[PDB]
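So, subunit A:
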Amino acid sequence: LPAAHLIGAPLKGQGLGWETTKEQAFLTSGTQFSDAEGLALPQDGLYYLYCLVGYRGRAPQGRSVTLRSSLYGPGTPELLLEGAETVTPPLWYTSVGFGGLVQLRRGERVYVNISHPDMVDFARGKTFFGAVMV
Partner candidate 1 sequence: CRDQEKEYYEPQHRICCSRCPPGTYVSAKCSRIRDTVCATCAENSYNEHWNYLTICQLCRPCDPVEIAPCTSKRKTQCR
Partner candidate 2 sequence: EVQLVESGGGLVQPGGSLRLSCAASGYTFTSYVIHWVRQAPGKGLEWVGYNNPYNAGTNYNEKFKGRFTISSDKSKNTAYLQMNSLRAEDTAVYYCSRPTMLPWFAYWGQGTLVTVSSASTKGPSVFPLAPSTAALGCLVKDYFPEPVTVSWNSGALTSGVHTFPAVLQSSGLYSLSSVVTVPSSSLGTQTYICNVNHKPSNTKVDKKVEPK
């Protein structure tokens, strides 16, 4: 049973990476990951992908906050799932999530693209993305 759950982690100052071992994160039988590459799965099959991101929307506006999981003519990414919440307000918090059945092929890599890692909540189960065979 190939599967993955990765947790958000804060990088450099303004960016974003994904954790694979801490807390709840885990990768199963030889499923692969590396921040600059994405998540690859060891089996051909139908998977359920998911992604949820928590934000702290506290303005000094009109934030154009979006969410995306995509996969990779090879260097031409394919958008799979996408959610978005634009929010204009010191204050606010919001969370954006989606999941869906994608037929993935062995070795294909899936990553997540966030519009505003400047304001992504990292308090535990707020940001994560993952996959499971069905």
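Details
Everything that follows uses one rule, which is that a contact is a pair of C-beta atoms (placed from the backbone, for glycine too) under 8 Å apart; a residue touches a chain by one contact, two chains touch by 3 or more; residues count from 1.
Behind the choice of candidates: all candidates are chains of the complex that A comes from, given by their letters.
Here subunit A is displayed by itself, and among the listed chains 1 or 2 from the same complex, it touches 1. Chain contact summary for the complex, subunit A toward candidate 1: residues 73-74, 76, 106.
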